[PDB]
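One protein chain omitted, others in place.
A and B label the chains in the order they appear, each numbered from 1.
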Amino acid sequence: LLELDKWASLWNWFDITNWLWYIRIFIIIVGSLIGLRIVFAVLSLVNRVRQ
Amino acid sequence: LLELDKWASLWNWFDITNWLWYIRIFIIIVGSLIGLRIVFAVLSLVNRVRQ
Partner (left out) sequence: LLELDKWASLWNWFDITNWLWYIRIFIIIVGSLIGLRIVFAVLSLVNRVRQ
């Protein structure tokens, strides 16, 4: 199944190996996303002044 | 210490092996949840009119 020879074969495909080797970093960025949404709560007070 | 023989042993347990090769896809679905929240912003303008 999983061996030195099995893993080294995906380096020739290049494109898929990059995606399966950067997903870990990607989840941390999707964490900061929810925190960004909270400021909209202040925009609701600005929405009451809208003509 | 992760070997060809150690990995192939979990295929006899069947049920728990699924948890080690499907959760990666499941994180992207928790990525659609945050996108859904924005419509709540327009609902706040419908909530003050609620007779």
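Operating definition for what follows: a contact is a pair of C-beta atoms (placed from the backbone, for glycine too) under 8 Å apart; a residue touches a chain by one contact, two chains touch by 3 or more.
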Filtering A:4, A:46 or A:49 for touch with the omitted chain leaves A:4
It is residues of subunit A that touch the chain not shown, namely 2, 4, 7-8, 24, 27, 31, 34, 37-38, 41, 44-45
Residues on subunit B facing the left-out chain by the touch rule are 1-3, 23, 27, 30, 33-34, 37, 40, 43-44, 47-48
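Keep this in mind: only the chains that are shown with their structure count from here on.
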Whole-Å gap separating subunit A and subunit B, where each centre is the average of the chain's CA atoms = 13
